[PDB]
Structures are given as C-alpha cells and as structure tokens.
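Take a look at this single chain in structure tokens; it is the form deposited without ligand NAD.
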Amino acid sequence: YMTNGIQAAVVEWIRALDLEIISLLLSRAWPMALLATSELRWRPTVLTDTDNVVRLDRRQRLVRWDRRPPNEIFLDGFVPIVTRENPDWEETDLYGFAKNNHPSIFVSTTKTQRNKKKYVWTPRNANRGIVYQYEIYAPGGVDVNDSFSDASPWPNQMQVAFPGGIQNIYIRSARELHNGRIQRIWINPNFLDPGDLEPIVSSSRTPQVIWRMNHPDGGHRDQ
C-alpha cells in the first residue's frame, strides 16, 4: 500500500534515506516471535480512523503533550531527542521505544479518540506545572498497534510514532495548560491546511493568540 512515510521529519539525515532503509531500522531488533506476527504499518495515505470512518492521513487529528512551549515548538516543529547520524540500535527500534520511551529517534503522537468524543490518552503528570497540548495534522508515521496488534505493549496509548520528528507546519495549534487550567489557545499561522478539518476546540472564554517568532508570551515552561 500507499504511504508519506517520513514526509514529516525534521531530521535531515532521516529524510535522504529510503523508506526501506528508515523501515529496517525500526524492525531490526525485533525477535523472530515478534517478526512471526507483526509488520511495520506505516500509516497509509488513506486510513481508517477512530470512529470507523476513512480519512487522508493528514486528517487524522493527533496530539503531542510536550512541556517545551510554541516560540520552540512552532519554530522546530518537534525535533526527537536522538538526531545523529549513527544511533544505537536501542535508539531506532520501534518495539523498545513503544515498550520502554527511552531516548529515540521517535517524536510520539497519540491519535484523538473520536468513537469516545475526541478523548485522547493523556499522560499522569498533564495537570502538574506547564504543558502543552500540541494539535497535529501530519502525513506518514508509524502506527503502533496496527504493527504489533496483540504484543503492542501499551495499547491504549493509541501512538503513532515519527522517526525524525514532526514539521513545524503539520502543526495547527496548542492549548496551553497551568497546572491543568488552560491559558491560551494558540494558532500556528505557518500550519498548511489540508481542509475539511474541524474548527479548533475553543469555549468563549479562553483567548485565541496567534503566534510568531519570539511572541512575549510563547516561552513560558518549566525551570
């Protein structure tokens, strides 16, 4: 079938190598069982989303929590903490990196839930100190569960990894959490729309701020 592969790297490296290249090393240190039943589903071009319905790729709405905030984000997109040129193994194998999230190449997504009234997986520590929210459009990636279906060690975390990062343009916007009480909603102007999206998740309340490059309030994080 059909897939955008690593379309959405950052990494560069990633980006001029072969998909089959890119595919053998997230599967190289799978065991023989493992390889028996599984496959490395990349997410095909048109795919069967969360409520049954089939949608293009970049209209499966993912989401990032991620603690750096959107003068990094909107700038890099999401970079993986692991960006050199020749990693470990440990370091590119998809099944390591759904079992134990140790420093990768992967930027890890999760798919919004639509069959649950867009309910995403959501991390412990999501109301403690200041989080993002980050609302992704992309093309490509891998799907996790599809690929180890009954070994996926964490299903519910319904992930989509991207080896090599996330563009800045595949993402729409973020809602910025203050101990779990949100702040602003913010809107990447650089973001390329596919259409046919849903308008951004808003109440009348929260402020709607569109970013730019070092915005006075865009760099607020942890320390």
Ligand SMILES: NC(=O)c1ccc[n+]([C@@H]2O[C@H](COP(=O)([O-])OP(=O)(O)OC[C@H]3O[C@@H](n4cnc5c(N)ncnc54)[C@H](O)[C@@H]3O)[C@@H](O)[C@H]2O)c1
Contents of the next structure:
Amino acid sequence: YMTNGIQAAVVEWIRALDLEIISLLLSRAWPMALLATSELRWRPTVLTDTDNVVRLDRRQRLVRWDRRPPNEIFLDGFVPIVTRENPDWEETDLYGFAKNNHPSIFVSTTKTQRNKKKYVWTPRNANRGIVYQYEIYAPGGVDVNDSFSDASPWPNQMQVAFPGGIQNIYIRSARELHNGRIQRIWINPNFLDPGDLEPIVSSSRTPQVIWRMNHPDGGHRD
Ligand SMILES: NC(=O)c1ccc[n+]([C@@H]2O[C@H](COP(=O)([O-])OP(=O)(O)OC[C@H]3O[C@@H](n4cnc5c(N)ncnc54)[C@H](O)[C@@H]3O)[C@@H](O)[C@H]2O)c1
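Having seen the form deposited without ligand NAD, could you give me the form solved in complex with ligand NAD?
First the chain shown before, then all remaining chains and molecules of the complex.
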C-alpha cells in the first residue's frame, strides 16, 4: 500500500532518509515472537477510521495532550525529545515506545473515537493544572494497534506515532484547560486545510482566539 510515511517530520535527518531505513529503525529491536505476528503498519493514504468510514489520512482527527503552550507548539510544531543523528536502539524502537515511552524520536498522538461522540484517550492528570488538547490533521505516521494487533501493549491509547515529529501546519487548534475547565480555543492560522473537515468542537460560551508569534495570553504553563 501507499503511505506518506514521515511527511509530517520536523527533524531533518529523519526527513531526509528513505522509508525503508526509518522502518528498520522502528522494527530492528522487535523479538522473533513479535516479528512472526506483527508488521510495521504505516497509516495508508486512504484508511478506515474509528467509525468504519473510509477517509484520507489527513482527515483522521488525531489529538495530543500536552502542557506546553501555543507559543511553543504552533511556532516549532511538535519536536521529539531525542533529535540527535545517532540515537540508541531504545530511543528508536516502536514497541518500547508503545510499552514504556522513555525519551524517544516519536511524538505520541491518539485517534478521535468518532463512534463514541468524538471521545479520545485522556491521561489521568488532564484535569490538574494547565493542560492543552491539540487537534492534529497530519499525513503519515505509524498506527500502533494495527502494527502489533493482539500484542499491542496499551491498545486503549489508540496510538499513532510520528518519528521525527509533527509540523505546525498539521495542527489546527488547541483547547486550553485550567483544572479540567475550558478557557479558550486557540486557532492556528498556518494550518494547511485539506477540506471536508468538521467544525472545531466549541460551545457558544467558549471564546475562540487566532494565534500569532509571541501572543500575550499564549504562553500559560505550570
Ligand atoms: N501525548 C498524548 O496525548 C498521548 C497520546 C497517546 C498516548 N500517550 C502516552 O501517554 C504517556 C505520556 O506521553 P507524553 O506525550 O506526555 O510523553 P512525552 O515524551 O511526549 O513527553 C513527556 C514530557 O516532556 C515534555 N516534552 C515533550 N517533548 C518535549 C520537547 N521537545 N521539549 C521539551 N519538553 C518536551 C512533554 O510536555 C511532557 O511533559 C506515554 O506513555 C504515551 O505513550 C500520550
């Protein structure tokens, strides 16, 4: 099948490499028992979504929970923790990323479960402090559950991994939560719109704000 692969990556050395080389780095540490049953499943250009409707990869609504504010995220995109050119095998492994998540080349996201009224996997401390729920509409990425199947360590997370990061042009919006209570919905003006996307999930009470570089209210964190 055809896949955009690492089109969303912000790290330059991952962006330059061939998909077979990046695929090797993700799968090289997999045990023989895992290799027998599992395959490295990149999200295809046309995929079956969580509500069993066939959509393009860029129309699958992904989400990333993060405590960093819009002034970081809409400026730089999502940069992974490990960006160096010669990482360890633990830092490039998809299975260890899925199982443990120690500092790695991947940026984790979760799929919108559209069969359950746009539910997403929520971390336990989402309602503590200042937290942002970033809305992502990106190409490529590695589907974790499709890859490992029954051997997927935490399938409730519904992970789509992005080795080398996610560019800021694929992030549409961000819901600013203060102790699990919505304050604002940030709008990314540099979002490359693929068309046919549903409206941003918002009440009449919640004020929507268009972001710019060094926004006055756009750098709130713990
Ligand atoms: N982020 C999500 O919404 C999401 C989605 C699905 C699964 N998970 C799982 O939940 C757990 C938590 O993941 P996570 O996303 O918080 O882990 P992470 O490695 O992305 O980051 C851990 C901490 O580092 C910060 N951080 C990340 N990249 C940074 C950078 N470049 N510079 C500075 N700080 C940076 C994050 O804000 C966070 O506080 C993992 O097991 C992950 O697999 C998370």
